[PDB]
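The task is simple: from the sequences and hints, build the whole structure.
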Amino acid sequence: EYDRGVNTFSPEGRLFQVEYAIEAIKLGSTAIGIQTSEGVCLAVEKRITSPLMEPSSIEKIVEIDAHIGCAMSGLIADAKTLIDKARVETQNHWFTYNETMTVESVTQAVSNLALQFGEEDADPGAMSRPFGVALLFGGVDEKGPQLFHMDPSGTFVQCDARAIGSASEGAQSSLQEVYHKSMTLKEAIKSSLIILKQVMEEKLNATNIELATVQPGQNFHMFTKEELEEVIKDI
Amino acid sequence: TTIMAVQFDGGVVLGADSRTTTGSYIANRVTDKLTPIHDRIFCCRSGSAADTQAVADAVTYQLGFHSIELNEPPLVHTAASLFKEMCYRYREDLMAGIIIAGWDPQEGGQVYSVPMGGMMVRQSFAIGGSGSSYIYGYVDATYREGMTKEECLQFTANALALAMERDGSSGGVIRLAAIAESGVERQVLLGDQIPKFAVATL
Amino acid sequence: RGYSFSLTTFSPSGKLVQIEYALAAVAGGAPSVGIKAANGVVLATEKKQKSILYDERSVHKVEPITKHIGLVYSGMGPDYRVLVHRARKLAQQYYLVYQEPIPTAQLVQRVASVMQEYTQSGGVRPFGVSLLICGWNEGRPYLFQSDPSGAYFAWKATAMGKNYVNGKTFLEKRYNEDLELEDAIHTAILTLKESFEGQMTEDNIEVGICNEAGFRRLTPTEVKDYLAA
Amino acid sequence: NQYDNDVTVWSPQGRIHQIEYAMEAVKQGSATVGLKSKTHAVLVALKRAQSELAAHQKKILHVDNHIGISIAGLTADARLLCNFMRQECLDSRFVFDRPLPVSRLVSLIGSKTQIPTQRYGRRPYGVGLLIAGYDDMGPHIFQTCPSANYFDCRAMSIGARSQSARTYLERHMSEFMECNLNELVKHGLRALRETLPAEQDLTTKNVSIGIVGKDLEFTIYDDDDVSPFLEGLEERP
Amino acid sequence: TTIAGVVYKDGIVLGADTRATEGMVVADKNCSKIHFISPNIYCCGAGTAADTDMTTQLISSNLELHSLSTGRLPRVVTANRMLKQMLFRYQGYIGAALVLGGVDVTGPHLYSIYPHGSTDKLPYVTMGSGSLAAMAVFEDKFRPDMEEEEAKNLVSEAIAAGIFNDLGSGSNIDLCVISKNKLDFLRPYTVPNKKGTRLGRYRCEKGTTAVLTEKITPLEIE
Amino acid sequence: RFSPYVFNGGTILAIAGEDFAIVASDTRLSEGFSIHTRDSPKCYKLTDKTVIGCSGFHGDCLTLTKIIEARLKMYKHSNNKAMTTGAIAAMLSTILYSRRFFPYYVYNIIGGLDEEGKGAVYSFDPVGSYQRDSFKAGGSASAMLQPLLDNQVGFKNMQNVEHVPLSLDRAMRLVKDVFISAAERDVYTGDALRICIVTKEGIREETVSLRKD
Amino acid sequence: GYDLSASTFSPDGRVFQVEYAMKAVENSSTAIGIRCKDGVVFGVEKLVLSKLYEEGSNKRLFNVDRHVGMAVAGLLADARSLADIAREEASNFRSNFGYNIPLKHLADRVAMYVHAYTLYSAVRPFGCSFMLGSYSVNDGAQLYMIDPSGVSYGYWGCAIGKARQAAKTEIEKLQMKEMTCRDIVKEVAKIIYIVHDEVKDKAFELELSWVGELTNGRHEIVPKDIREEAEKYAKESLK
Amino acid sequence: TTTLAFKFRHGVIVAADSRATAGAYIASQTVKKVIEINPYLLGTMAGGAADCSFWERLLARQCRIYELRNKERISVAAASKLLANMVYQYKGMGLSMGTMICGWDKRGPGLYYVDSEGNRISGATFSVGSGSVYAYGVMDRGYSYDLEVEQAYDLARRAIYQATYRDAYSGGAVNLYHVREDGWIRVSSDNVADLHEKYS
Amino acid sequence: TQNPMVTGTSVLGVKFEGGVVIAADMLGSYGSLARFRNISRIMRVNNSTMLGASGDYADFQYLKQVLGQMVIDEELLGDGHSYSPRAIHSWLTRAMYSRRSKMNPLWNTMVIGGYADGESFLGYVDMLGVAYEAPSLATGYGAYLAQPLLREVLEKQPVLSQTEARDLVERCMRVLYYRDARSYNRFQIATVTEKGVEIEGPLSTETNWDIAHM
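Chains as they are written, first to last, in full-length UniProt numbering: chain X, 7 to 241; chain Y, 35 to 236; chain R, 4 to 232; chain G, 4 to 240; chain S, 44 to 265; chain B, 29 to 241; chain Z, 7 to 245; chain W, 60 to 259; chain U, 46 to 259.
If you are wondering where the hints come from, they were derived from the structure by calculation, not from laboratory data. Treat the hints with care, as some may be off.
As the list claims (entries may be wrong) - For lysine-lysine, the following DSS-like pairs were computed, each having C-alpha atoms within a straight-line distance of at most 30 Å:
hint, chain 1, residue 1, chain 2, residue 2
1, G, 208, B, 94
2, S, 258, S, 72
3, B, 101, X, 149
4, U, 147, W, 150
5, X, 149, X, 209
6, X, 149, B, 73
7, G, 61, X, 32
8, G, 217, X, 192
9, X, 91, B, 104
10, W, 130, X, 86
11, Z, 245, Z, 206
12, Z, 206, G, 30
13, X, 91, G, 30
14, X, 91, G, 41
15, Y, 230, S, 164
16, U, 240, Z, 230
17, B, 146, W, 257
18, Z, 230, G, 217
19, Z, 192, G, 115
20, B, 94, G, 217
21, G, 41, G, 61
22, X, 231, W, 165
23, G, 30, G, 50
24, X, 149, B, 228
25, G, 50, B, 101
26, G, 217, B, 184
27, R, 70, S, 225
28, B, 73, B, 204
29, W, 257, B, 184
This is the structure in structure tokens:
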């Protein structure tokens, strides 16, 4: 429209730009995360446009570090920059302090990038709009398994189970029905895949999803096609 | 070179030699080392002539701008502080020894000495230059509180004459200035006008 | 900081509207005339003042850029004054580099490049003037016209400001290449007389010539002697 | 219509609508309370949850051993300002080897917050703070607005439905000064309770308490550690 | 080199030599050390010749601008101030030792400018290697309020002393006379020394030099 | 001409054990052949489980401990936890190497308890090379002190002796004795001896007099 | 649409943004300053919007330097900003020229800083008028008031805020020139109490400051004994 | 100091002493000159221990970043090139550094010798430090690509031993390492005193 | 100041029960020449603090104006907070260290003394940024000459009275006038206490010179 700039408040105070970005994420694909004592789980729908597209190219789940991996929904191109900074932040932390950066610290650092968008005197090269993407940082640290949801507003918050994307409302209702703190990683994976089966338009199979888990013993592990096939056959 | 200033009741007196040396060669034997920063404020320059002329002109510029802004006559403390700031900022670059002098309404006749390094001190009488060494004793002895304009002029002339005789870098003629409420009266002593002190003879 | 976006932009027709508007402004400017002759070139313009209180000699429309170059304008005096200042600086840059006086063509090219810079740069209007530049180089005279756009043409003779179409018809009627500088001056004064709309006088017109000697604006007495005809 | 968009635009009535709109942000946030006595200063917050599964989005932050804050509004601008304040206190301890005074800190905050509202292409920091600290002069409570003007307070509350807390505090202000720590925090918790919906009630999960004192360095008592304070609360209708 | 200047009743006389030396070898018998700065101002240069000529060119440019903007003649103090400010900014690295003189509305003015940025206004000055001999001549025979001719003779004698007593200076004497009314630039004012006639002819006939190869390329004219 | 460095003396020691870490230092400060003060402890407390000692140019020592306290505060504010000893050490190495081309002329020693609960001692060069050790000495008398500790604590060059683990009492007596000897035969040390021991309970500081110059 | 920026004259020649900024200070509580033979006195009707706020909150009296004080109206944030500007201007003056800045030069400098903002579009005009007061033995008492437009004028008595007009009347019928500070404090208290509207403004806390020979050149807040005496006199005269 | 590295059929072998000196004073006899940059490649120190450790740790973070971005472990040649280009910017600024980057990749075993001067060179034998000269003789006379792993261990030990015996600024304990296609391993940390008891 | 031009010699300082006293000769020396014989090398920073400096007097003047503006601003705020002597000590230490790290050192060596919170402070600062506290201090050749006397007296007697400290300071100043060549008989005493800073005028050392006749 160009009538109003990027940095302006509605009469309610909602900051039109990030509000629009938040509703833009609702176009994004669905993704679910669950937090357990055994570990944290992440699952998405790859949303294949056509069969000719290779599904392996789509990387909605990524590895920030061995102990941290995040899922994303919305504009993936912005997510690429965000995970880039998260990676270099973790590795600078390791370089400096010889220890593993925790999930709260990582999502705090990456969230600092958000809301830095500005046009007048921001920098020689800087963002002109908010990052229209939501994240589900998940990992294990000294405290234990943790999960964090980072919105374009910059509001990072811990949550035991969360669903982002288009079907966030129904997914979160189902998650509230299902969740209990005593649950194990296997049951959590099964519930997540069941909910993705509910929300996804296409029939669920090993090709159209991406799954990963972080446990205290192992690192970020992305379930391969054989493992996914076994799990969905179980479901 | 040799410069000298002394404060009398209701003004000051300035004195300086008139010789600039490059090594053992006198490029200018009639130079005027007394530079008016303003109508009632003067400066005596020692050290690098280039550095002194530059800072003098810059301070003149800043002080004229300040004075015209305030619509009141400038203060000698102000001029000396400007000189001090410049010489201290650039103390490594330039070698300059200044003694500022003038009259203002509120404080009267004032003499400030800005030696090399960028310090500032008010002094009843102050001397500078290579020749000042040779007259520290004379001024410490014969100075008197409450001297008149004529007395201070003769004092300054005698001192500069002694310094001129003993020091090679200082010589020529003596330039004198007396600054007061009325204005500045400049006079130049040449030849017999310089006080002559008899050299010892066997 | 300043605005960094261009104020001049192409219309759907393709015309840069601000430039043609500036052209209309200079068209409203005072008459200014130049005629190239065999041995020299003359520049003339009316110097009409609102009242007698105005001191004519205080300001000169005809300004010399160098010993051998001078120019005149129609339109906005302040824009002319920035332009002439910059032109003098450019000519002296040329002189520092090459240790010879600048050629008229190169000066015209440079000032036109400036006038272009204000056309495309951000947050600045175009200049509101059209200049006539005259010079003597390589034993040849020169007369150039620079528009607000930054486009320079070379003329044997031309006019600017008000009534320029009619004045140019007059020139085309009366101009001959064989003319000497005196007859050129007469023709220019007559051209200005066509559109002066008043009693001409030594004060109310300003004249300048360029020749092998160099550029010089004629004194009031000289222009009066020429006005006698 | 035309005046609201730009922060550098005075309304014909003499008002900048943009800063008012930013104040409306802090007026839509999780409520928090600030309180002080002769010997202690208290911050209380309603940590606000997005969903039943989610955590409640911390409100109270460490700035120094002797200073803490509580936010209401945009958390991004909030933590940006907190980083600025932490750097201020740190350079103070580095240069002078002293704890920074709270009044000087909020003066710096006011300047930094004022620079946006006067320039084009920038926004007010749409955040309001309750700053609490202990200095040589004793406990302090300070309030800030997106409008850079700040206040010195005996007690204050910001956020949604904070007016109920404000009237309760105006009523019970006289007793707070001589109160011990437990009575002080209990008063603050009751004031916070006033802001809540009548259906909702205070719990360990949704309450955060920040305390500073002469000996006590700034300390946020989290969900598990607030149960001693709220155990003494009687009830509300 | 040797440059000199002196003020007389109604004007100012500048003088200089023409020899230019690279090391201990002459490179120019007839170099012009007097530089135009303005129609009413001129400068003689010593020290680093490139520094002098570039600096004078720059100041003459700035003064041309200043003058044609003001509509009035430039002043000598203007040039002196520009020069000393530039030289002070460069802190003496540019070794321009200049004798600047001219006549303006206030009167005749002569400035001697040293490389570090210093300055002295004086009735007569000399600069260069022959400056001391020229100063001797001046301190002997200078008078205040001289006429043009005796001033010219004085400058010629001072420059001649610098010539016949310094190795750096030689080969000619140039004079520039400046007054309110006129300016006179006398390039070979006097020729004290000249090359002796070549007694023996050493002309080499055609073919004295062998050539291994040759290439001739014509140029089209018109 | 201007030398930005001067040796202010100082000596520091660090010993580790199964459940304790001992850090000790002299208190004398001296430029040239002149004493500046007799009570200037080189050992500073960074946190509950860590003590740092610094020796060399006192200005660099001061700036360094200041920077470390600042960055500890920053780490706590960011990560919501206190720094471990190894993290402090790594950060210090980066800090020291940052100004490699105008170094801090300071020899540092970290002494603290690790996360596991064992004693830890990290020994730094001026330029930031850090190595974990069970014991280390620093400063003017490091050369004097290290051999005896290598003999007693490390049981080097000793034949058929029991490799007993070190105990708190023996360690304290040992550090007292070695600093006594170093005061006997070193000029830069000798004012007093502050023993800042860290353990699970916390940090205790003890002081014992040494022979004045 | 000529009122959206300060880089735009209206056709009648007015810049409407600065006029709106003047409305902003006009809707702020009144402040007054009166010069007398021995020094200067300031007084402010500091409204207490809430009982919760402590005494001394939103203090509208500042010491921009030891020898000069400030009294403001309008947006208190911009007032604090200009106070910072005045303080750094005074500090730079002291550092460079070696003595305490004259109040005339200070007013001119801050006025140029203010006027710089009304020219360009990137920045809005300041929303605060303010008075400066100082005393020097040589200069004497000096009171200058700056508007948002950047204009600065000396005043024997000055007022800014809602009740500028009535305050100016009450000041006009005072004969300040013979009077001294000890009486002028009571007079300004009376003026504040009369111009204050109990209906519109529920309550106010009087903020007073002076500078003069009695302080030997040191702007300071009034001691509470005198302040209470002045308030009692003002309430008594108010009837 | 002294270091040693050579390629043979069953991977790469790295050996180094454990002595650190300031002048003639042995500060440490337990320093780990070999640096485990990551599970799949490692490096060595010679020269400024601070310089080597810092720059190799920087290399480590860069290598992990490359791994994360490209999803393939970095090659040894690329790593050495990163290190060389980084230190080359600080050429002539006083860095004293010398190291041997060792690892496996698609091409095979990798060994590269980087230096502060700027040299980057691959090879099958390298030795860096004051004792490298004494090491080269033993290694050259005992080295073959067709060589048993135990023989390689032994000649590395003996080379470091003789280098320590002759050189004053090297000593302590050998810290032997073996790089295999899966990853590196620390095989031994024998002390030269025990080795003197052995070999004599 | 890479090389100093006009220098001040030793400054002394000692803390007693309820205050601190420092002393300095009123001299600025231009390379073995007592050029300026009436200068205050002692400063009044605030009520609770006083400062004394050796070395380049111009750098000391720079510190004077800087620190004066600092305390002036602290007073302007009117917040009931005042810079402590130890705070000024820290600030000064950082300033000197920074100027050293830029290789543009302030050649001064300073002595800060102050009394606040019923506690007496006395600290040193060197041009290199070395800083410490002690019961007594001396700069320049005073460190070699006077500080022994102060240390012996303080060791035998940990705490002194104002009069005892003053007599001790005058004795040390006499010693310095004897055995230091860059010294002058005239000197100022500055004492800080609960009342505040009180700087005394020029005082004499009252030498004996009985040794000569032998």
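Evaluated hints:
no.	hint	result
1	208(G) to 94(B)	violated (38 Å)
2	258(S) to 72(S)	violated (35 Å)
3	101(B) to 149(X)	holds (20 Å)
4	147(U) to 150(W)	holds (23 Å)
5	149(X) to 209(X)	violated (38 Å)
6	149(X) to 73(B)	holds (26 Å)
7	61(G) to 32(X)	holds (26 Å)
8	217(G) to 192(X)	violated (52 Å)
9	91(X) to 104(B)	holds (21 Å)
10	130(W) to 86(X)	holds (14 Å)
11	245(Z) to 206(Z)	holds (19 Å)
12	206(Z) to 30(G)	holds (25 Å)
13	91(X) to 30(G)	violated (34 Å)
14	91(X) to 41(G)	violated (47 Å)
15	230(Y) to 164(S)	holds (29 Å)
16	240(U) to 230(Z)	holds (24 Å)
17	146(B) to 257(W)	violated (35 Å)
18	230(Z) to 217(G)	holds (29 Å)
19	192(Z) to 115(G)	violated (38 Å)
20	94(B) to 217(G)	holds (24 Å)
21	41(G) to 61(G)	holds (27 Å)
22	231(X) to 165(W)	holds (25 Å)
23	30(G) to 50(G)	holds (15 Å)
24	149(X) to 228(B)	holds (21 Å)
25	50(G) to 101(B)	holds (25 Å)
26	217(G) to 184(B)	violated (52 Å)
27	70(R) to 225(S)	holds (19 Å)
28	73(B) to 204(B)	holds (20 Å)
29	257(W) to 184(B)	holds (19 Å)
This entry does not satisfy hints 1, 2, 5, 8, 13, 14, 17, 19, 26, going by the numbered hints stated previously.
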